[PDB]
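Q: If you want the building blocks of each chain, they are given just below.
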Amino acid sequence: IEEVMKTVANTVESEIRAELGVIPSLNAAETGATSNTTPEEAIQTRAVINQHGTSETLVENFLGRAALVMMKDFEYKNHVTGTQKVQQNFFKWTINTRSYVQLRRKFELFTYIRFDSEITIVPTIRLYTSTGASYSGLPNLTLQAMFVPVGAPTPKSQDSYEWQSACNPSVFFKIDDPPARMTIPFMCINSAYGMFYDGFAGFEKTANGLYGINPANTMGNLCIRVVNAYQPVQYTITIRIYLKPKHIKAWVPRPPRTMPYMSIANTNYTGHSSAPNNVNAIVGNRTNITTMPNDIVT
Amino acid sequence: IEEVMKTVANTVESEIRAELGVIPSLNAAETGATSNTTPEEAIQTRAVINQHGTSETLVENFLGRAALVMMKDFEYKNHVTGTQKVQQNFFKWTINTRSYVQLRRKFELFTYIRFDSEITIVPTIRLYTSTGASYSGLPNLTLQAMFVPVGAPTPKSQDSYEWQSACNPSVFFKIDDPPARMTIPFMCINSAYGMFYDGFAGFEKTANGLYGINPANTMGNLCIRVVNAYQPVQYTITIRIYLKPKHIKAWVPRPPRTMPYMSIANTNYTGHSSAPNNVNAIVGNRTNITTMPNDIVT
Amino acid sequence: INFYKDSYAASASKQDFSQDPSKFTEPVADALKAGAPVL
Amino acid sequence: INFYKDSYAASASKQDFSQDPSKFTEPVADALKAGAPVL
Amino acid sequence: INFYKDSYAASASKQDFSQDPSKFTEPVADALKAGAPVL
Amino acid sequence: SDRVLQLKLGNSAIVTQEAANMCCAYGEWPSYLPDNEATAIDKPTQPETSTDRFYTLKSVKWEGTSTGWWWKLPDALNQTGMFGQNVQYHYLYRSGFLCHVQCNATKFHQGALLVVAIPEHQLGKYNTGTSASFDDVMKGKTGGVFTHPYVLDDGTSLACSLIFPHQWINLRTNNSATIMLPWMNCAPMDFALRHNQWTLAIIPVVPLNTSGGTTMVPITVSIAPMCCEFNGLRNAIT
Amino acid sequence: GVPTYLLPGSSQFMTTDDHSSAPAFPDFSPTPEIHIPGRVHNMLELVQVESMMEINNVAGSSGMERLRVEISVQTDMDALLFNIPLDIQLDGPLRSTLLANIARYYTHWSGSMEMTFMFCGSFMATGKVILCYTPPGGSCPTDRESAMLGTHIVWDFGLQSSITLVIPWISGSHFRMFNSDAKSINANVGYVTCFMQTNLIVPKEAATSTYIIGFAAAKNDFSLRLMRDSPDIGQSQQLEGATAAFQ
Amino acid sequence: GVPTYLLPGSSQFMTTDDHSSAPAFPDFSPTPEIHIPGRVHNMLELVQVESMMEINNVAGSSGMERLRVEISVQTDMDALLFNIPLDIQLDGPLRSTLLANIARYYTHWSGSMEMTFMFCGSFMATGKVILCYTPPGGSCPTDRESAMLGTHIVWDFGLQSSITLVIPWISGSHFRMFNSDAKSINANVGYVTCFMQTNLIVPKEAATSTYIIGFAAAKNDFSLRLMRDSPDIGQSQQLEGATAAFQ
Amino acid sequence: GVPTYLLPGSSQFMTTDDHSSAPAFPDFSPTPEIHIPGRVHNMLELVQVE
Amino acid sequence: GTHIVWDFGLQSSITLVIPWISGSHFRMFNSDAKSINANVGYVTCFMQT
Ligand SMILES: CCCCCCCCCCCCC/C=C\[C@H](O)[C@H](N)CO
Ligand SMILES: CCCCCCCCCCCCC/C=C\[C@H](O)[C@H](N)CO
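Chains as they are written, first to last, in the entry's author numbering: chain A, 1 to 298; chain B, 1 to 298; chain C, 29 to 67; chain D, 29 to 67; chain E, 29 to 67; chain F, 10 to 247; chain G, 1 to 247; chain H, 1 to 247; chain I, 1 to 50; chain J, 150 to 198.
Derived by calculation from the structure, the hints in this document are not laboratory data. Ideal Cβ placement from N, Cα and C applies to all residues, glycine included.
Incomplete in silico selection of chain A near chain C, CB under 7 Å:
| id | residue |
| --- | --- |
| 1 | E2 |
| 2 | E3 |
| 3 | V4 |
| 4 | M5 |
| 5 | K6 |
| 6 | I23 |
| 7 | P24 |
| 8 | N27 |
| 9 | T31 |
| 10 | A33 |
| 11 | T34 |
| 12 | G64 |
| 13 | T183 |
| 14 | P185 |
| 15 | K246 |
Dumping the calculated DMTMM-like pairs for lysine to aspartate or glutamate here, alpha-carbon to alpha-carbon at most 20 Å:
| id | chain 1 | residue 1 | chain 2 | residue 2 |
| --- | --- | --- | --- | --- |
| 16 | D | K51 | B | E2 |
| 17 | C | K61 | A | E19 |
| 18 | F | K52 | A | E13 |
| 19 | B | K77 | A | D73 |
| 20 | F | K70 | J | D156 |
| 21 | C | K61 | A | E3 |
| 22 | A | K72 | B | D159 |
| 23 | D | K51 | B | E3 |
| 24 | E | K33 | I | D18 |
| 25 | D | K42 | E | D34 |
| 26 | G | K183 | B | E204 |
| 27 | B | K205 | G | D181 |
| 28 | A | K6 | C | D48 |
| 29 | F | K67 | J | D156 |
| 30 | C | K61 | A | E40 |
| 31 | F | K52 | A | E15 |
| 32 | A | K6 | C | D44 |
| 33 | E | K33 | D | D44 |
Please put together the full structure from these sequences, using the hints given.
A: Right, here's the structure in full:
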């Protein structure tokens, strides 16, 4: 059934059992069911009123934490000098959530997750060290982060005219302010996001290039620029994006990833050269199956 | 019994007493009981309605004050130069509350304390004085303080990938902001923190190295880094952590510490070379037991 | 505190204490009893 | 003012005026009277 | 607006319109009348 | 009325005709662990008459140069009787204690002893940075002697130690002291072989003066575990 | 206006804060939810599911060889078959289970576990084994006479192919820790050892070596606290295609 | 939006402020509280417990010798035995008591104290002593005829081994101070002196020298105000292992 | 959160402002008031004295 | 075993009760002192202090 569990189960008292036809400690793993043997019928227990809560381990609390999803640096100077005719004080990012393994492995514990995304943008700034690198403080620059859905025009320069954003949502935030924050809704075309897609994203049967690419994971692009014109000195802007999911719903739990990730587009694996986390040996080796590695020397 | 005492006790009037078999001023210290002789039966008192409150001296108010628990400085430069291949713009601290004697002696007035910890992080910054030490102001840097529980991976560099903190809680705070503040819950594995542990933290019987180390006082590590990349000039970052306990409960009061502390791991003592606070003489010496040192010269 | 018009803007909903360990631990057609011999 | 979900986040509770000086000053098996000779 | 626990933290109490000019202007044992000859 | 006292536990009994009183620590009495507070789920063993009884340790000789004595209170019994055997066969232990201290003299002898039970007496070392070794603290039934009793070997003070449960043995008035100790711990139970809840300390604050009488004046300590229970039965380890 | 002032911790970004934040797509209408099987509300639902243990985590054993233990006809009675280190933080047979993979995201734990063992020999093979759990405090039992003194279950191979050895919660404190110090009072849990009770007996034509599969899980009294970052994964460089997302 | 403005003292961190602050571990479940003996709700519970006085705080007296006063058979009547400086801030016999160690964390105090004295001589030793408290204003009494004019108690050694001399609260102001100026109106408390009332008398074979232990405590009318930092401890350098915590 | 904005005159210190401010000694108990003769409530009481 | 600690005082007599601890309902006055049905035990006195 479905039970509400604010705390864990109590233990009840138990007594000597010597019955014919009753075998609580005997199971059958072939049925696909986990053993139902309880501690009170395995051993002679005392009563214990147990008040250990279960709130910290809720799925909403397990996943509802901000983690790094994107980080990228770019130069803030005058790039028009030379053979480059475009200002280029900006960058473009195609939104994905598979770039950093910490959040990725925590998401891939489920096949489908439905959540709203709380996005936090953390800018940092440094002064480039070259020749006349006489420090004069970090300027208080204003930055524009524009969400660009699929099919919308994408800026090609800092001074492009796509930055008016009559329809595209933008945030203007300064270096010295608190981090910018906004919520993206649950914006999938399906009922949930798929962490895994066992299929192809194209009707055409190409030989390779489209396995595991989910058609619905086309969230679009994030373009971030510096609104100010170039200063006489060059600075380096680093933008870190934190994603916190909320209102979370998760289905179909999966085995956690054990091999190190290799790409953001597939589940390819190689492991380490030796245990632990090796393609032949996930757990480290002990001398034999009769060896405690950490044994009390009495 | 248990009495509620918003104020102190009143004094009642008293009268001449000359009774046989009644000896209020006579006690017996061997029973382990403090004398119960009241002022009204020691001397002939007047009545006094006394309205002196007792709130300032509550345990919650006695301990519930922020005090310095950690302070540490580190260099903010480019350490990759030379034979060092690691950026190293950070530090790691193993959380303890026995480093600074003011808070420590106030805590060790009790054997067990249960409290939530209000943590306040106060950053300061200076500009290193060397050669081209031409002042240009203090940059507004953003710092990340990440709590790392027991068993979690610990960063080894400023640009390590443990700083995403998908599960580890982190705070990002700037130099020019108000101090960062967060509450840590009562996070012991027992019902209370032990200020003293008369035992060993290991099942194995080693000759030395584990006396007084409480198994439950393994709170873990605090790692603090600078998020910004290095500037062309070097700065010194000083981080001061203030702990305020709250929701406090204290048991088993103890004699206050009199000898100066020597270590954060044991109660070892040496005292001073002469009184006061000497291993043979806690109180300073007077000429004889008949000498007032501060006597009114009438 | 939510002063935004869209309900998705709200805080997290960390409050759903219902559980059903039985879709994973005992997902069988015939319910297994306690102490009775499985198969 | 507490707008956090976790009750441990609240302000201090500096309000418990109950006292019991008797666990420390008179922790004896037989209660001592007043003026009566102790032992 | 006072959200502090200690009552002394509050704003000023600029509201006490009572007066007694008589402790200073006529602090005598026998009350003086009006128009009657003083002594 | 309160100067005579008989204590009976199991097959052992002690009488005294010059007691002062009985000290019950913090106004408390030993009791078994309630189900409300327990954490280990296996059924505890509660041997009552075989463990809850007085164990009389070796006596110590009170001299004019004596600094004082202490016993780590479970550790002193871990090798003694059915209590010790249960301690050895079980991972987890819990009990109170009833500590009775005997020291009799004449009406011409004088001296005072502070019998104080210190909870979680983490022992310090004088003039060194390294902590106390296993031998320095795990003295067993023999106990230890104070190096600097005036700071309780702890950098605190003897003068304030009267905050702990205590009694005196003033030779002109009384010849015994009795203190009853409940369970002191954060945890519901503990591993009796690596943590001591109590230290019974005997300190001669006023030095003994024989004044021509009998010189060999011994101090004797009898301790009874109270409400013993044990969990996590396994093989015996010492 | 309202007279206000700013507290310490203003303007901080704390990755565990819980506030509303501005909706970026106003009046957006999310796709209606359909029913999808297998909804998870709590992570303690998952650790209650059994998973195989790498009991045979030795050199030479590769891949699936690690998940199975060979039991074979003994020529010496009372023989020791294998033992399992009862640890989750360190590298051991438990570290492969779903229990240990979810638990390692937390620092503190409490409650009873269970280990289920499965006999995968022929029908004509009979045997009796004793599986003993030893509470901590000393060395691992190496003889059966010393091992049977703790919590144990005698498994007789029959029509039911699985036995369950419940690891009861026998701890001094309310919670334990996933400490790096395996020999610590707050971390050490004990030992699990298997001995031949009588023997493996097989007919003349049957195979004299057989396998056991071992599984472990939590029970309904199990709980986890103080979520941390699991040591089971980490980055060293950007993944393939990670920097290609910016072009 | 709400029109607001910032008051002076915004963004300050004051170490005595009392506000809520963001929970770092959301939905954390603390360990349930068990009963632990000896709960302390107020610090005035502690100062009411007696503690020994270093009355014999002289050169030559080392360790426990300082806690006891030798009383011996006099050859001169009306003899002065000892005196105790009634001060808590300065270095004196009171400075060893738990009373003075908690009180020195505060600046102001009020209420009656008590000093309990204990006779630790032989049973066959008899004596009478007078313990006098002198309110401030003049020099310490050095003769018994001048000393008995104030608050005093005559102690006769018997079956009850302890006498109590209550120091009544006799002050002009409601509170006193722990000032460095011992000769100040707001700080000086008075004097306590002990004189032989008759003598110590002992038989031929008994010891002619005996000891007193002195104890002091607060009473139920005692109160402390204006918490400060106690002068009883201080740092000069980092402790051993303090900087090792960063590596 | 509550959407707010700052008015002109924010962060000013005006020597005639009237607000509460943080208690530096929490749970401090002031000395009880005794009767003292000659209480003055208004300064117009004084100018009426010759 | 079963013991009583005697402290000399105003009451000059102590009583050590020998409890009936026997396997059988009755014992015997047998010539064999080392017999199961006859041996009763030992009583010893030691200096306490
Ligand atoms: C006013 C808006 C300007 C700022 C826009 C910021 C957009 C950044 C979004 C980064 C993360 C979006 C995550 C969206 C969907 C899901 O997580 C993925 N489909 C993974 O399943
Ligand atoms: C969002 C969290 C990031 C910042 C984390 C700061 C952690 C700093 C904690 C310092 C003090 C913790 C005190 C904890 C426990 C007790 O006081 C000790 N066990 C002493 O008994």
